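Undergrad: Take a look at the letters that make up each chain.
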Amino acid sequence: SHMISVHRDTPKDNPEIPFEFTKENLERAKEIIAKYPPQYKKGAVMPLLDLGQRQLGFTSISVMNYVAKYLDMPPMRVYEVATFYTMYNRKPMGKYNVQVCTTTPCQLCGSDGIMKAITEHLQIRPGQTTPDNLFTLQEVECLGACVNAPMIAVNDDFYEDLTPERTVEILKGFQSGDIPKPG
Amino acid sequence: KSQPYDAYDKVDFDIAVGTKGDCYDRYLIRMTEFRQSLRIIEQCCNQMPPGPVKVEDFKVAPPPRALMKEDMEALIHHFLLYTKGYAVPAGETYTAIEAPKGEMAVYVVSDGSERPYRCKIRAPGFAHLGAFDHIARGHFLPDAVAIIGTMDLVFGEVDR
Amino acid sequence: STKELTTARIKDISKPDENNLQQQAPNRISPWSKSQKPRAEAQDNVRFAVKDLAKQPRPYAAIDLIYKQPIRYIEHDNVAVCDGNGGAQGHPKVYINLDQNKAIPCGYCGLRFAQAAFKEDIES
Amino acid sequence: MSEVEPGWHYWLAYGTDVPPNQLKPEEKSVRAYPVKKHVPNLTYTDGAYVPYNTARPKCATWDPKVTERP
Amino acid sequence: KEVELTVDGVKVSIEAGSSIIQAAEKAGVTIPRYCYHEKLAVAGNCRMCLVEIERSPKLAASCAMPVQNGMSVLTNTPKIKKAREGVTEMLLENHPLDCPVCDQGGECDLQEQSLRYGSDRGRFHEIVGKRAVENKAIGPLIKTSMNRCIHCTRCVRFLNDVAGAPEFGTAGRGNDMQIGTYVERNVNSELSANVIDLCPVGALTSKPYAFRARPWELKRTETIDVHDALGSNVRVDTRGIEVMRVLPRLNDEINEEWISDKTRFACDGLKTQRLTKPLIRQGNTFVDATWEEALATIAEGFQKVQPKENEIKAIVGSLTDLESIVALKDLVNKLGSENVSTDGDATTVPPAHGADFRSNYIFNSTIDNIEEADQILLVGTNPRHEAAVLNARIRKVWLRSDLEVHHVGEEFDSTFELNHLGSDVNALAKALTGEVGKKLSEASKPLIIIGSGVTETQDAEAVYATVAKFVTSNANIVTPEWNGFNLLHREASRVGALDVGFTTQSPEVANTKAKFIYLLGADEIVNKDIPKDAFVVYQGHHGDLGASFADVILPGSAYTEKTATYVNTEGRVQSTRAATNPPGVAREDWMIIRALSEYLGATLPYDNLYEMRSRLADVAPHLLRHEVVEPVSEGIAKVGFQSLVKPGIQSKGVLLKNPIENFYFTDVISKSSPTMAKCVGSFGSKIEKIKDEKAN
Amino acid sequence: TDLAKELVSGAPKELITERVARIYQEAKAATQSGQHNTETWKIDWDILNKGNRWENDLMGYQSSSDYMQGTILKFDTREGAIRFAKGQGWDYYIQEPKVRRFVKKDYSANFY
Ligand code: SF4
Ligand code: SF4
Ligand code: FES
Ligand code: FES
Ligand SMILES: [K+]
Ligand SMILES: [Zn+2]
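Chains as they are written, first to last, in the entry's author numbering: chain E, 27 to 209; chain D, 323 to 482; chain R, 13 to 136; chain q, 70 to 139; chain G, 25 to 720; chain Q, 35 to 146.
There may be inaccurate statements among the hints.
As the list claims (entries may be wrong) - Looking from chain R toward chain q, a few residues come up when the C-beta cut is under 10 Å (computed):
no.	residue
1	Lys23
2	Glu53
3	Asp64
4	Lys67
5	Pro71
What the hints assert, rightly or not - Below, computed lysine-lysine pairings styled on DSS-like, alpha-carbon distance capped at 27 Å:
no.	chain 1	residue 1	chain 2	residue 2
6	G	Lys106	D	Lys376
7	G	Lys702	R	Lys15
8	G	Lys420	Q	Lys138
9	G	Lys539	q	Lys134
10	E	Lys56	E	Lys67
11	R	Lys15	R	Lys49
12	G	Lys295	q	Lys134
13	G	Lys154	R	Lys114
14	R	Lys67	q	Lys134
15	Q	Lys84	G	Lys63
16	R	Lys46	G	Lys295
17	G	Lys328	q	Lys134
18	G	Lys702	q	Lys134
19	q	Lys134	G	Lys695
20	G	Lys243	Q	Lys84
21	Q	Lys62	D	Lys381
FYI, nobody ran anything at the bench for these hints, they're computed from the structure. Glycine included, each C-beta is placed from N, C-alpha and C at the ideal position.
Please put together the full structure from these sequences, using the hints given.
TA: Here you go:
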């Protein structure tokens, strides 16, 4: 993946941008803390970061500072957690994250063809974003769905047993505005 | 011949030995050593083998410059050999070689550091000149000049 | 003015004169180190009383020459490799990171490397 | 002997078989600074090299100032 | 609890739970290490200390593996030799070839341990190249070259646990993991610069010291620090006439391998604003003069004003050596004068702690007993800024035990948890009578610490009365073995000046309008009266407000240029060692007074340093016992505390303000330091600015 | 021991009546974890209060008049250093080396 260990202030991502959990996420965050002992409430950083990431769209520096202040922890401790796990998107990202597995079990059944077909359709190389901020192609490791090796992931949904002609249809569905059937 | 060193055991040469023990015998020996040295030089030219010229140990011998500028370990060894030097195990030695003047020996004392603790230099000329009184007594003044010359005296060696 | 001749500055506020013997270098007026003794002060010694200052060794300032070299811009790579452009006759090979949005010089040669994507930002 | 240019000093001493005027363009030295006429040894003249310290003094004295008491 | 183990056939015995690497050191067996430090938490991320347990098929890290009874440890088998070469090769795989341009060259642990335990040749010929890491900006003190880091986490462990600054950590995963602060900010800690010493490689280096020297050039002198009253032991490195850098040296009783950023980075002020020549004022300008002319002018100026008994005033600064204090006192005494004091602004003419009893103004518990403290009370003090090393020691005890620290006075940013009570004597009275005073009474080894800024407030008398009454009325504070009363000074000359009685206990004397003022390094004289017609002589090593207020200036030597005696806050006598000579025609400070004495008709009987030091014994017998604290006996200590109990004295309820305003500007050397100027601009006066405004 | 061996050593009288030697054991450097240099006792001389170092004006060289400035003797034991200093009739003083207090260190303490 794209691993950078240094944050650079941007108009899209800088600590000045205010962030706060909505009144819906304020209540649901309290249940998360209740799943941990009171003297070890620092173990809820991971769910809180994802809660903010889904609300805002990505794990901005404002979200990391907000979680640090919420749990009475130094900001650097939250920075270590967010930068260690690859599912914390420290950049705006697109509406649908395209995750293509390239590991050996998936590579045997033609995962290379899946990557080739998508690159020439969306016209974005892996790690890039479509101009309309709709798609995001990402190269990912094993996701566990290796028995159905030609497998891809869009946001939170899996898509197994694919072919290059099938992957275009899935992209066409999201481009049009229709959710393809996952399976 | 008594304690061969540095490939002197792989060349053939002879030693001239006098009988009367005077200057003329020593002149003849030094002329034979001239031809025997030329005999050895010819063998070294023919029998020069390939291979490294220094020990393949970068903790004592400096690494090559090209390897120094490309290898991390070579740079470290180059840096430390020129700034701190190499440590020598503690102990002492008395190493002697057949110097052209005679027997030249060094008594080096090591303390486990990178600097010798003591370095006694044994000079054959220093010992030769100490016998000048015993040898030149009764001779005439021009004979002393010959005796000084026949001892092959260099006073840097004597006064090291 | 004797203030530009005795103070270390990043740049000379005027154009150096190659025929002026009070400059630190023929191509640079001011010294380039805080501990570098000014040439004008050094030449004001009893040993220069009857000595011609023109024939004294006056090598060119290396700080002004190195910054006349254009920045090397690297395409499709965030790491620059420099070994002195001579190989075995250069300097030890080092790798320079180019992630930051600025030119970063070599630790030995002083040649500055940067990415081509930052070319517009650096030049302005 | 010092009047011989450093280019031809090496050739005279049998250090090489290629004179500096026969040098390949890649074998020549590249100077970013201008080149002047050869200057021989300047001893026994007024142009002799005069050594000097290139470093400033290691301690700077205090610049005195007077402040009036209230 | 001892366990008899074996290390390469050597019997060892240490406490249960000790690491193998600790037992190996006790047995004389050396094990290479990068990530292990005897003052940090245990990490096993470097794998250089691997040893072979006798009956086990796995190699154990000796820094983390606990010791067992009957355990036999091998440390020099060919299997371990393979491991050391293999780990060394991995460390040097991506390391940059930077030794010539790297300031750690001659003192690099990576170089020495790779030479000693690694192979002589490398095998990395990859054309893809090494890893490249950008350099982080964390302020003007720590220079970063992160290509050279070996990911050993010494800096992370120290700054989080010892220094208490959690803004430094490890961000990333795998080969892309980078040490730093992630965001663009600086490290805010008075002990941050100790990270430079702990970093075994050139990744973290001193920025002021960068490129200026190699360790083999420097000469090492074991002297003491005078920038605070702790007397931290330091190793001053010199290259001929100039001091290059200051490093800490081990002393578990005083500083424990740590020094503050003020101590090690103020050495560059020794080259700026120095007093090198005698100066004589002529109107509004100072002109140079000879020593004979300067001393004659003082004698001529002495007879111009004709001062009487108490019209001769002597003031001693924070950096004044003890030999000069006694010499100035005796010269003052020979002139029939007793008006001697320090440049402080104590409200009461006799300080509330007084000078009759040593126990009233020293750290009676000693710094090394903080490891045993159960309860600590801070009365109007800021240990983080006044005693940076001592503050870190309290945090270490706080982390590893249930020690509770209560604070009375002005709140401050602390490295531990403070149970704040109030900001006046009224809260202290409530605390010592309430639950807070019950904890101290029930504590087995309680501690009470009074700040040096208490005597500079209008409630100085009340604070020492409240504590003394509580101390005398409770039998556990003062015992034959324990003494819980402590005073934390911030100047290295206070305890030495008080041990010799260089203070006026007579209010009438201190109110005299002086005609001849002798400033011996005194510079905080804005609030101390100086008559416009008075004749002022300043003796010191830096030109400052004291020099500007003088008429004749006598240049002296600094603490690095003289063998001088300093008594720290715990009553420990320590002697400096001269590393260089004073610049110009500056002289030793005690010789200037002796030479001037002959010009005033009061020739002192001192001729050499030994005679001067013999005078110290006459003034106080404990001043010739170096590195030894002479404690006050239990019976005498109670009388001194009882003398502080003064009934019929009111409490004004004023704030116990912290004495230090700017951490980097506390004396002449620090003010003259260009590095401290950069620290104020970047870190701030209170070290509170997280963003560097002078770094681009 | 009691013999005044300085009467026959040939050294100048200034070594006795004007110079002070320090018997010390080298402290561990704060920048390195090695302790090899701390295993031996050494003797050096205190600097001259004047003339220890001064700057030569021609080239900036470090001029000196102290002939003992670069002499550092090495001893294996403290008693040997004292016996030699007493034998030569030197004015000396001993700096006792600082000993590190032993504290147990285990990985379990990182959580307990
Ligand atoms: S840290 Fe050590 S090995 Fe690395 S470049 Fe510096 S001196 Fe060389
Ligand atoms: S920067 Fe230095 S101290 Fe910190 S982990 Fe790297 S090598 Fe260790
Ligand atoms: S190998 Fe691709 S999902 Fe497991
Ligand atoms: S010293 Fe034990 S693994 Fe680092
Ligand atoms: K370091
Ligand atoms: Zn280069």
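Undergrad: Please go over all the hints and tell whether each is borne out by the structure.
TA: Verification of the hints:
Taken as an interface hint, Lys23 of chain R does not check out: its beta carbon lies about 18 Å from the nearest beta carbon of chain q, beyond 10 Å. Contact between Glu53 of chain R and chain q, as hinted, is supported at the beta carbon level, the nearest pair being about 9 Å apart and thus within 10 Å. Checking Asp64 of chain R against chain q: minimum C-beta separation of about 5 Å stays under 10 Å; hint holds. For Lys67 of chain R, the suggested interface contact is upheld, since its CB lies about 3 Å from the closest CB of chain q, less than 10 Å.
With a cut of 10 Å, the hint placing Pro71 of chain R at the interface with chain q holds, because the nearest CB-to-CB distance is about 8 Å. Of the pairs offered as hints, the one joining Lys106 of chain G and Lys376 of chain D holds, with about 25 Å between alpha carbons and a cut-off of 27 Å not exceeded. Taking the CA atoms of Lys702 of chain G and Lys15 of chain R, the gap is near 24 Å; set against the 27 Å cutoff, the hint holds. Proximity of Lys420 of chain G to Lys138 of chain Q is assessed by CA-CA distance (about 14 Å); at most 27 Å being required, the pair is judged to hold.
At most 27 Å may separate the alpha-carbon atoms for a hinted pair to count; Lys539 of chain G and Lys134 of chain q meet this at roughly 22 Å. This hinted pair checks out: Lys56 of chain E and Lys67 of chain E have alpha carbons roughly 11 Å apart, not beyond 27 Å. About 13 Å separates the Cα atoms of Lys15 of chain R and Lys49 of chain R, which keeps this hinted pair within 27 Å; it holds. Between the alpha carbons of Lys295 of chain G and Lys134 of chain q the distance comes to roughly 18 Å, so the proposed pair stays at or under 27 Å and holds.
Of the supplied pair hints, the one linking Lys154 of chain G and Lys114 of chain R holds, its CA atoms being roughly 21 Å apart against a limit of 27 Å. For the hint linking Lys67 of chain R to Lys134 of chain q, the alpha-carbon distance of about 43 Å lies beyond 27 Å, and the restraint is violated. Proposed proximity of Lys84 of chain Q and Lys63 of chain G is contradicted: the alpha carbons are some 41 Å apart, above 27 Å. Between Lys46 of chain R and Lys295 of chain G, the direct Cα distance comes to roughly 13 Å. Compliance with the 27 Å bound is thereby established for this hinted pair.
Of the supplied pair hints, the one linking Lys328 of chain G and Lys134 of chain q holds, its CA atoms being roughly 24 Å apart against a limit of 27 Å. As the CA atoms of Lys702 of chain G and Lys134 of chain q are separated by approximately 24 Å, the hinted pair is consistent with the 27 Å bound. Among the hinted pairs, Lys134 of chain q with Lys695 of chain G is consistent with the structure: their alpha-carbon atoms are about 16 Å apart, no more than 27 Å. This hinted pair checks out: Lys243 of chain G and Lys84 of chain Q have alpha carbons roughly 18 Å apart, not beyond 27 Å.
Simply put, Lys62 of chain Q and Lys381 of chain D have alpha-carbon atoms about 25 Å apart, close enough for the 27 Å limit, and the pair holds.
Comparing the model with each earlier hint shows violations of hints 1, 14 and 15; every other hint is respected.
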